[PDB]
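Enquirer: Just need the whole structure built from these sequences, with the hints factored in.
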Amino acid sequence: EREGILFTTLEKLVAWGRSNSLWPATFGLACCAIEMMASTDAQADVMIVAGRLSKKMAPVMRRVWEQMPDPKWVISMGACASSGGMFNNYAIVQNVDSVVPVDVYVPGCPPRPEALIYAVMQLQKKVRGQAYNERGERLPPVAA
Amino acid sequence: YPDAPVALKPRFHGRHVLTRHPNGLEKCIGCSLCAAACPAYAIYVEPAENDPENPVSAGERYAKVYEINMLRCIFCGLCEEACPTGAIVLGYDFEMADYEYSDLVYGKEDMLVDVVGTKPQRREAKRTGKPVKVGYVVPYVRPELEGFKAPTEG
Amino acid sequence: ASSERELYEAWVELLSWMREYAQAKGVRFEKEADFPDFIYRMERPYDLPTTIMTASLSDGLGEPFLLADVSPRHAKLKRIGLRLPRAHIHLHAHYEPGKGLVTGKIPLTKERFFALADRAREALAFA
Amino acid sequence: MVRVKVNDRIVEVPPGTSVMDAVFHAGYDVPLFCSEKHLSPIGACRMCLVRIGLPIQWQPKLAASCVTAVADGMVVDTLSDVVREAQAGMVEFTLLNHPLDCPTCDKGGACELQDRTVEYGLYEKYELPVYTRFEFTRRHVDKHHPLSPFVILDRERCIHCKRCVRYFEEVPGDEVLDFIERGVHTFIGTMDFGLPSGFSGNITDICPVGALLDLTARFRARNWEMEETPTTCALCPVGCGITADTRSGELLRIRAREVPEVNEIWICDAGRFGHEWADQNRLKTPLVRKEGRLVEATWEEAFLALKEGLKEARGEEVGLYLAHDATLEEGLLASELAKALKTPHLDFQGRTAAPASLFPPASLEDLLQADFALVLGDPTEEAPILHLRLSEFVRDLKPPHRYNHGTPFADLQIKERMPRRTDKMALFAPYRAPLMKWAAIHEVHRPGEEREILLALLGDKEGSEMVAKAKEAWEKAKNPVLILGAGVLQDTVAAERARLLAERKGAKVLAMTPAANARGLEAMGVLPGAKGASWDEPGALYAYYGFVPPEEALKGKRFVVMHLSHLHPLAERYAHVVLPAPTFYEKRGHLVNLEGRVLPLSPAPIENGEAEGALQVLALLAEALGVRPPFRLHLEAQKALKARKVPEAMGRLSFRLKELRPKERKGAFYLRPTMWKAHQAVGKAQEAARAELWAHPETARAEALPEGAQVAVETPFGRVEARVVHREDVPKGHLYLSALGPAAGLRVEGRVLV
Amino acid sequence: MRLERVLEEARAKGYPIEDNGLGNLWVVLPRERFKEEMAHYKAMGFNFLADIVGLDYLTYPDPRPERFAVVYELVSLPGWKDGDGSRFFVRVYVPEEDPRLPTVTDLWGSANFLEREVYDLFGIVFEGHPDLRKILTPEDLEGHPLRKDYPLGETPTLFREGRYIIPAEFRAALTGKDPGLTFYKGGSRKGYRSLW
Ligand code: SF4
Ligand code: SF4
Ligand code: SF4
Ligand code: SF4
Ligand code: SF4
Ligand code: SF4
Ligand code: FES
Ligand SMILES: [Ca+2]
Ligand SMILES: [Mg+2]
Ligand SMILES: [Mg+2]
Ligand SMILES: [Mg+2]
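Protein chains in written order, with the authors' numbering: chain 6, 15 to 56, 74 to 175; chain 9, 26 to 179; chain 7, 3 to 129; chain 3, 1 to 55, 73 to 143, 150 to 777; chain 5, 1 to 196.
Where hints are given, some of them may not hold.
Derived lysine-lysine pairs resembling DSS-like cross-links, with alpha carbons at most 25 Å apart [what the hints assert, rightly or not]:
{"id": "1", "chain 1": "3", "residue 1": "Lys142", "chain 2": "5", "residue 2": "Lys35"}
{"id": "2", "chain 1": "5", "residue 1": "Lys185", "chain 2": "3", "residue 2": "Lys142"}
{"id": "3", "chain 1": "5", "residue 1": "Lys190", "chain 2": "3", "residue 2": "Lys37"}
{"id": "4", "chain 1": "3", "residue 1": "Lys78", "chain 2": "3", "residue 2": "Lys438"}
Just the calculated beta-carbon pair ranges, DEER-fashion [said to hold, decoys possible]:
{"id": "5", "chain 1": "6", "residue 1": "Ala44", "chain 2": "3", "residue 2": "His589", "range": "51 to 61 Å"}
{"id": "6", "chain 1": "3", "residue 1": "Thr155", "chain 2": "7", "residue 2": "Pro109", "range": "27 to 37 Å"}
{"id": "7", "chain 1": "3", "residue 1": "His589", "chain 2": "5", "residue 2": "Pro156", "range": "23 to 33 Å"}
{"id": "8", "chain 1": "3", "residue 1": "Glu150", "chain 2": "5", "residue 2": "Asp19", "range": "31 to 41 Å"}
{"id": "9", "chain 1": "5", "residue 1": "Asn20", "chain 2": "3", "residue 2": "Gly27", "range": "49 to 59 Å"}
{"id": "10", "chain 1": "3", "residue 1": "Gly27", "chain 2": "5", "residue 2": "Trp196", "range": "43 to 53 Å"}
{"id": "11", "chain 1": "3", "residue 1": "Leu327", "chain 2": "6", "residue 2": "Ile19", "range": "33 to 43 Å"}
{"id": "12", "chain 1": "3", "residue 1": "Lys755", "chain 2": "7", "residue 2": "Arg21", "range": "51 to 61 Å"}
{"id": "13", "chain 1": "3", "residue 1": "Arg205", "chain 2": "5", "residue 2": "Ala172", "range": "32 to 42 Å"}
{"id": "14", "chain 1": "5", "residue 1": "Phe113", "chain 2": "9", "residue 2": "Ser127", "range": "41 to 51 Å"}
No wet-lab data here; the hints were simulated from the structure. Beta carbons are placed, not taken as given, at the ideal position from N, Cα and C, and that holds for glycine.
Expert: This is how it looks when you write it as structure tokens:
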């Protein structure tokens, strides 16, 4: 019954559930950390990565991510997390995805507070299993 | 406050727009000079020869491929500054997070002036049949963004 | 004066003749260059009737037997220019008030023009 | 040596030195348009003006440094307000009538004018700065006009630096471009339409601006956006020096890399404009035969299907056959493999009847210092850049002194319009050869009929008046050189007598072989054993091929492996395993020059697909047949070359070889050595690498062959289509076929179907 | 003031005074005389040690004494005892094949972290520093990043259709020892400065 209307219509709800029960665990680094403390001011699933992820700091974010409830989502905030950004060199991980599965990327440097709002609003339509890619496919509610 | 539109200033650094002249030709003559000044190596330009009978732009040279990797971009406008035509100009759209990395490289058709909204915004308004709402307002649209139709009751 | 405006009004007309002849004698008309003051006009205003500064009548091999230019907007001593390439013949047409497009003193008509271009086609044309 | 003081710096320098190269040798510097390397220096652009004292008595006017010889104890001022003020005025005068297309101009950031303008322009006289004083209508004229399928002229852009016209007369010697009306109305133009010279592309690199531009690559990318790859051309034996320009795994442009020791800064047209084939249709996946057809497989499904076809194989029926451009490494391995694997079926696609290593390689610089040139064959077609040397040679131009900045920008040695000597060369080629112009002693013979001319020159028979005139000059010759190519190297009889002529006299040789690395592959022992199975003779039963062979050498065979880079029709119908290989533009390794030099081959960032080098693929064929290969990657293969004692890059490897494997030549068709290779016939080089059949107007029309008509021609090397040509310089009864391969200089049975 | 007594001394004893017109001036001490004469400076009244910069000249167009060099910056804070506000740089070149250079941790406390960084990013040792441990680069980084012969390590930036860019092969910008895209460079492209 894994793919039978019973179980199906069920997880549809559970998903729609943990959709509005999203508890954000910001993991700020540099300049992006400051822009987000301008959006939060006005046991966690969903961590937000804001800034340049250093290669020294990389293994740390891994642990923090692992030890986490199992239904989870990673948001990649700004240019430095989403890819190497403008720092295309040794010191910096070129895309946080290199270390943890990302569910949503948000451009900007740093992206406006209200952008990060759309970022999560999107992560919503995604855990609902109601979001598609440019290729017209349906996206899996969670990276794993 | 995704219920009350964000008021941004006229100089604001948003999603690049590629403008046209009155005539309807594009302003861009594929010179790859924007790409040149860019600190991030975020612009790729392939040039093509205009067809005299059916012209893209006023030169002998237009831009066959134009592509900006927004995940690399920093929004410095260094590009709009390098441009000799006034083609590439940062715009107002900011609502533009998305799911697959390679879905974040915009294209010519993604940044022309006539286009309202960002990839996500227009893609969702596709499978939905509900017109696009931009989450902002501005006092006025810059002299530079001639043509750009934006929600600016001010 | 406003003669500057009326000059371009004639520059388009010359172009029209050229395009006419080109299809009528079945020979290549070619846009040779657009005004730089238009490609680099950024947000600046622009109201000249077209965008073509250098126009030509080329042949089978693409070599020009007739050339035509008109001075850019922001340029001094403005005139339109007819040049028959290899035969050292240059021409300078200005615009007189109440008279027309003149070459010093002679009216540069559609008639007189066609003569020049035919004469030039028969002679200069390589193929 | 003369003691000159440039600015504050004093410098030694030989007597025949320009004040320009004087000032550049010192460190300092100056504007620079009209003047070029290896071109006659003139003072036309008038930008290199300097101030001169010959005390402290300063001369009253400024001197063009490019056409002024240094006097002893001279003083050169390049910094004074007087100079700069002038310099910035010369910039100003140039840009006066210039176009304004910079952004939209293929002359990217690689534009001498652009650059110099910002280097010396806009004087700082000591309020808003005045960018442009000129405010009138500019020089509108002919624009964006293709001269050829390869070149596009922009008359507006031209700044009249006399470079191109100057180059055409001097270097190749084909006056196909020149100035037209006078004064401010003057422009560049042609009446020779085609742009007929086989060295036309070089103007593209000399032109200081974007008037003359390589059209093969119009509007691909900006100059800084290219990924330049310094390598060597392996289309022919001269082994020039190019730089391959790419962007996103595709081949954009070919320019010449400066390498004085060999091609100076010049490159021939087939090498520069024939590159669109490596870009395009390509084998990317290994194919293996299933149902009498080929299908997509893996190196897995391939390495297995390959063990299968070789399981019941005797280690003597194994035939190793390299391409004419196999790297020095690819050949060392094919030797060792065929060594351990006891076999005599080891040959290379180009290999000639007579080992090119028969004759002592002569420095390309020795030709300049020689006294006479005895030439058999057409240096233009066989080894193109030799034509550009013989040009220098013929003018008594001898190697320039080298300065701190390298090759002089202003050699007072090269005078403009130098009168050429007709008494320094002799030419003997089966047709009205291009260079027969600079050789008074010139005669047209019949194909393979050189075996007799050679006997004559030695002194054992009588020859035509000319042949005797020649023999006479060679005797009196103090230090001549001997240039020879096709029929000479492709005929045991003749070639042998040749070696003699130049063995008695203490003279070196240039062998224009039909295989690019012939001289190097021979040096690795990549010639067949006593057996006999050679690159065109079907003897093997199980064999490897690094090229497409004649149809007759595959038939009846049991197992065939084709290591191609494109899928040939012959291979898809006769082959059992097809493995994807890289062009030469994308190989790493070394080569051996026609002059015995060794040049580096770098790998361009082009789209290799899922292809692997013959370096690797060979070792895979070594396992499938027993003993493991001694070579793996390139890093290690290099030690095995350093073990044979082959000198490093740029050095020369002495290696002579005494032995010759003859063959009877069935005179019906002559395969005429040509510049363009046959696999280049793509895109723009579509007609310039089309084959063509030559015949004498009588016999021509005597066998039903109109002037300009396409014609099916069948040959032991395959079925080509060609346009026929009337040429009176062609012996009656014989038909010259444009041999666009290393199959050049052969005599072959063939017919023409209707 | 207190710097005059410095220059009047170096002049006397073979120390080269380096001077750009812009407002800084160096004094290059040899290897050995550095340790001691550097202490001489503290006593003279030099309390503050503003910075300490490592320089690798490998890819520099003109030749220099030895491959590496370190610069120190000395000061007299103008809000303390009597301190005049003398400031300057002191530089020393350092062999490539022998990256050792005595510490000044005896004299200045700021020199601690600062010396550590010069050692992390360039391979320069400091004889007697409390603990020469990596400061900035991750623990398992092989080698010394800020020196010329250590790659920046760039990734090709990516777009659609397998169109990619290699920053290294892309930069229109020149590197000083770089010849340029045309034959040669000269005039303002070998250096430019206005005359105020
Ligand atoms: S993306 Fe921009 S704002 Fe965010 S950490 Fe990087 S540099 Fe700072
Ligand atoms: S905004 Fe800056 S980072 Fe983005 S494309 Fe323009 S120049 Fe590059
Ligand atoms: S700088 Fe302007 S005109 Fe040039 S390619 Fe970029 S957008 Fe197009
Ligand atoms: S030739 Fe040089 S100066 Fe003239 S438009 Fe082209 S790049 Fe600019
Ligand atoms: S076309 Fe080029 S090489 Fe020829 S004269 Fe003009 S600028 Fe010089
Ligand atoms: S002469 Fe030979 S090596 Fe030189 S460019 Fe031409 S084909 Fe290539
Ligand atoms: S005059 Fe043109 S370089 Fe000397
Ligand atoms: Ca034309
Ligand atoms: Mg054209
Ligand atoms: Mg190509
Ligand atoms: Mg170390």
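Enquirer: List, from low to high, the hint numbers that the structure doesn't satisfy.
Expert: The structure breaks hints 1, 9, 10 and 11; every other hint is satisfied.
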